[PDB]
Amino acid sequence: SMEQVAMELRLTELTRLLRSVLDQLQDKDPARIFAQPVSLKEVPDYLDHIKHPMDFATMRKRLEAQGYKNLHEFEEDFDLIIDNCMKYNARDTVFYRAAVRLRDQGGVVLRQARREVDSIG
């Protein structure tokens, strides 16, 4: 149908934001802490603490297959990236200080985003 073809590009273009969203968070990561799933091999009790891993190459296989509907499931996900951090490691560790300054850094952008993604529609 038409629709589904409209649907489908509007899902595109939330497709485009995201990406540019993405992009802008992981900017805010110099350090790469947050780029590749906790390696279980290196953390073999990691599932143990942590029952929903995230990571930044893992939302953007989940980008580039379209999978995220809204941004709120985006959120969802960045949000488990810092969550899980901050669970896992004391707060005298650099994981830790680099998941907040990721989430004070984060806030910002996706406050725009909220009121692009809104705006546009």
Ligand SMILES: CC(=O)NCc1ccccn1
Contents of the next structure:
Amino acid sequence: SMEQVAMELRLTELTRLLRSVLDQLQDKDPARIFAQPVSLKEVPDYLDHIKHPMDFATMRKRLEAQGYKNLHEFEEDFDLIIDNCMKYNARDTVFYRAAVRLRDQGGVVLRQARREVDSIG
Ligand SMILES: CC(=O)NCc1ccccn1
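Can you now output the form solved in complex with ligand 8UA? The one shown was the form solved without ligand 8UA.
So here's everything in the complex, that chain up top.
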């Protein structure tokens, strides 16, 4: 149907916007601490602690399969990256501090992304 096509066009547009947001957020992780899933070989007990692992590579895979229907779903996954890290790692670690910095600096990006998704519809 024509409606379905229009829908898929919006989704494609959303994906374009979210790809930009994702690139901007990942730039706030220069150390690439969140680039890849935590290695279950190098951290074998990780899943005992964290029930829903997340990382930028996994987000990007979902993104390019057009797997985010709205900004909320994307933000959920971004928040998982940060929140998982701040649980697993202690306050005095380079990992925890990198999550804090990513969350702080990423807020600016997500604040404008929400305005853009709303405005463009
Ligand atoms: C993103 C994250 O939580 N990383 C923790 C970690 C991974 C490997 C070695 C030490 N610590």
